[PDB]
Amino acid sequence: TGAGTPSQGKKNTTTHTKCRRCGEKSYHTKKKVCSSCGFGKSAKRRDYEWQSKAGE
Amino acid sequence: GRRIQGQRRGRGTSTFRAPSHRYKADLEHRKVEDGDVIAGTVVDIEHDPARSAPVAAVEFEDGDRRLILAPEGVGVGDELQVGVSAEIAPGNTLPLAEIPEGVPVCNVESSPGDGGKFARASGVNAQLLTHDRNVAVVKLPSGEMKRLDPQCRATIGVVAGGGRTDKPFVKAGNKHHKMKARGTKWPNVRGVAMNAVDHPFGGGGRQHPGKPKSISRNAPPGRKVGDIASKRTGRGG
Amino acid sequence: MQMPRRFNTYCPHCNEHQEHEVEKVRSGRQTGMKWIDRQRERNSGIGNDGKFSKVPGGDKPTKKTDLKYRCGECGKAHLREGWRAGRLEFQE
Amino acid sequence: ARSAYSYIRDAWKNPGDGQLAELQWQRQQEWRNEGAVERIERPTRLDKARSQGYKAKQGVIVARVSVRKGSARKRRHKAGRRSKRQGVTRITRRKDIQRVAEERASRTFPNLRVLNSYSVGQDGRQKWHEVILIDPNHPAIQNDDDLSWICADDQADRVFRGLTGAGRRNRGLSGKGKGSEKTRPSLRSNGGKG
RNA sequence: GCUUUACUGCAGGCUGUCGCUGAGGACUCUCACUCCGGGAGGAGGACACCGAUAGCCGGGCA
RNA sequence: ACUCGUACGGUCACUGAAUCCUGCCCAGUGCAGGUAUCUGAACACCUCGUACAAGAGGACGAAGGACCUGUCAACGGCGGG
RNA sequence: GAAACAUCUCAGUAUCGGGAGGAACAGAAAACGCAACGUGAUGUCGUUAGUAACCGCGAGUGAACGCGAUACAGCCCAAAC
Ligand SMILES: [Cl-]
Ligand SMILES: [Cl-]
Ligand SMILES: [Cl-]
Ligand SMILES: [Cl-]
Ligand SMILES: [K+]
Ligand SMILES: [Mg+2]
Ligand SMILES: [Mg+2]
Ligand SMILES: [Mg+2]
Ligand SMILES: [Mg+2]
Ligand SMILES: [Mg+2]
Ligand SMILES: [Mg+2]
Ligand SMILES: [Mg+2]
Ligand SMILES: [Mg+2]
Ligand SMILES: [Mg+2]
Ligand SMILES: [Mg+2]
Ligand SMILES: [Mg+2]
Ligand SMILES: [Mg+2]
Ligand SMILES: [Mg+2]
Ligand SMILES: [Mg+2]
Ligand SMILES: [Mg+2]
Ligand SMILES: [Mg+2]
Ligand code: NA
Ligand code: NA
Ligand code: NA
Ligand code: NA
Ligand code: NA
Ligand code: NA
Ligand code: NA
Ligand code: NA
Ligand SMILES: [Sr+2]
Ligand SMILES: [Sr+2]
Ligand SMILES: [Sr+2]
Ligand SMILES: [Sr+2]
Ligand SMILES: [Sr+2]
Ligand SMILES: [Sr+2]
Ligand SMILES: [Sr+2]
Ligand SMILES: [Sr+2]
Ligand SMILES: [Sr+2]
Ligand SMILES: [Sr+2]
Ligand SMILES: [Sr+2]
Ligand SMILES: [Sr+2]
Ligand SMILES: [Sr+2]
Ligand SMILES: [Sr+2]
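Residue numbers (the numbering used here), protein chains in the order written: chain A, 1 to 56; chain B, 1001 to 1237; chain C, 2001 to 2092; chain D, 3001 to 3194.
Every clue listed holds true.
Simulated crosslink set (SDA-like; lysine to any residue; CA at most 25 Å straight-line): (1) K1031(B) to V1084(B); (2) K2076(C) to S2027(C); (3) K31(A) to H1021(B); (4) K1180(B) to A1050(B); (5) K1146(B) to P1112(B); (6) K53(A) to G3192(D); (7) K2051(C) to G3080(D); (8) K1224(B) to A3079(D); (9) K2034(C) to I2046(C); (10) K3074(D) to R3094(D); (11) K1024(B) to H1176(B); (12) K53(A) to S35(A); (13) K1185(B) to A1018(B); (14) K3182(D) to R2042(C); (15) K2054(C) to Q3086(D); (16) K1117(B) to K1178(B); (17) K3078(D) to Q1007(B); (18) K41(A) to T29(A); (19) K2054(C) to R3090(D); (20) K3074(D) to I2046(C); (21) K3095(D) to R2042(C); (22) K3074(D) to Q1007(B); (23) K3078(D) to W50(A); (24) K3084(D) to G2050(C); (25) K3078(D) to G1012(B); (26) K2076(C) to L2088(C).
Hint data in this document are derived by calculation from the structure and do not stem from the laboratory.
Given the sequences, and given the hints that come with them, work out the whole structure.
This is how it looks when you write it as structure tokens:
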């Protein structure tokens, strides 16, 4: 069985959904954590300094 | 290289853990204040998934229903006693001090009242030898002379399910089923059959270990494989 | 080669010829208090120590002459340029 | 004449001698069974406490904190590192145990602000420090001339910013002259070379 | 990437020493500390653990 | 974690059903045990040095090594004359 | 980067953990040490200076006192009684 096209057919699981906190389709319903804002993991909003260039 | 299989083991993941949820009871001795006035009738004889040997379901005088490490000969309706003034019969648990010499015991304790550590596998027995006010020397199934406290409790008789080792598994399918009820990864791929990155014995054009199999005690985890701190190897000599 | 223990030669101190005695320079003991010894203890930390992580090199097939020319009268010594000699023995 | 306080002080000059030797051997046994941060009603070293800024007033809290002895609890490198940066065992933290204690205390009391701290001994594996914390919202402090400065907005989270005495001493700010080139006005303003 | 008796180092193990740590070169003890016991209490005991340091081993890893 | 586990256990390795069998070698390497003697760091201690310190030397000597022994279903070996 | 590379360098940089304010931090000498019959809390700007100092003494790294300016401001406990 190929890892390409025939393996795509199994893909009917819902993971990332609309987030209650930020509104992005990044809330992992199995993990109960937002990959964008970090709702579920932290009280503080997910933000990192690498999201922009070092001198910006 | 990559961590060897023995290093993945310690992480305690699903693949390596024992199916605890499917286990019946943590076979420990009962707690008596003193006096011995604790006894009970055996209700049933069940199978312990953890040890492949039978276990007796006993009901006590004080309403307590518990499973106990059953020695050979124990049946339904039998009355077992636990304590200091207990009868010297098979299935009864009393300290080594009260048990006479030359009598096969099982489910022996290390420290008094711990619940039982030694001689618990299918058909084995510890042999009580010497008596004192200080030391009761017990001969464990490995052939070792364990100097113990006389206050350490032990059940009389040999453990049930004797001679389990006698019949071969014959086919891999039978080993599979047994292994599925323990905390072990099976099947075993030889290190010599792996790649260099995966095991100290991996690599080469042909299958053979790279260095001598006997490894030092001081060796680090990831290198400590093969024959660990062997005093000798082989059959002859 | 063989070399006389005592012979006449120039003393740069006395400004005149005198009977000099020759001795092989015996190595003096180290104090461990020099600057280099202090830098060794200082600059050495976790991992490689750079220059202090090196080991002394090899040898040349034949060593040069390492002598001391002691004057007979004033008692002061001087140094001369040495020459390659496999073995240096003294005469009397 | 000598104060009664001067006797508590003279006793602590040598915590392994006299009656205090016997007292520590006894107290530490109960302390080892106590928590990480334990509020105590009265300071063990009254002289030091009062000298540091303590007063028997409403809103002046004291607490004992136990922190582990030794170097950094460091993990080894999981990626490539040059020899110098391959250490684990000999690496130590840049904040002293006292400062670790003050922070653990301040976190346990989110409303209070750290005034100062002092050592109350150590055994084989841990060190104990008593931290004096103040309630910047109690009118008993807002009106106290010798303590009302800690009520100002810019004194909020003073321990996490290293504004404690133990903080300033650990930052290399003791000496006013030679040696304090890379420390004053701040370590961060000096490129982190102190 | 991999290997080793390549170079240099880093974990890890073993070992001495210091602190915890106490009473009377082999030895007793109980009070710290440890383990067992629901507990009363039992075992062990200034050792072990832990912190620090020193020597050995150390492609397990960089 | 193994472990609701306890040597008829479970960990670490090699070989790979059955049948007939599985020789010789412990010098090297590995592992392990022992050890008069030798070698063996630091702390404490002793001499020198310094009104102190750096430092030099000594005594004691752990594991380890030397040396001795065991071990090849341990790495491996089984020739020329 | 050092024309390899280990100390060194990149650099206390990138990135990470915690936190304040409208500014932060520092701050009224156990200072300095143009050694004086001298200066006088603290930041900052110009200079001192690529100087002193560091460094497989290689490549490289690199202050301070002072001076000229800006602005200036000095106080509270602990204890004694
Ligand atoms: Cl099995
Ligand atoms: Cl010569
Ligand atoms: Cl605070
Ligand atoms: Cl001046
Ligand atoms: K580098
Ligand atoms: Mg059990
Ligand atoms: Mg078998
Ligand atoms: Mg399984
Ligand atoms: Mg296999
Ligand atoms: Mg393969
Ligand atoms: Mg490998
Ligand atoms: Mg093969
Ligand atoms: Mg093979
Ligand atoms: Mg600033
Ligand atoms: Mg416990
Ligand atoms: Mg490598
Ligand atoms: Mg095969
Ligand atoms: Mg380069
Ligand atoms: Mg060069
Ligand atoms: Mg620099
Ligand atoms: Mg200066
Ligand atoms: Na230095
Ligand atoms: Na707080
Ligand atoms: Na510094
Ligand atoms: Na051999
Ligand atoms: Na062969
Ligand atoms: Na280059
Ligand atoms: Na290169
Ligand atoms: Na350098
Ligand atoms: Sr198909
Ligand atoms: Sr699916
Ligand atoms: Sr979480
Ligand atoms: Sr951020
Ligand atoms: Sr228990
Ligand atoms: Sr148990
Ligand atoms: Sr191999
Ligand atoms: Sr044989
Ligand atoms: Sr240094
Ligand atoms: Sr080093
Ligand atoms: Sr040569
Ligand atoms: Sr806050
Ligand atoms: Sr051998
Ligand atoms: Sr002024």
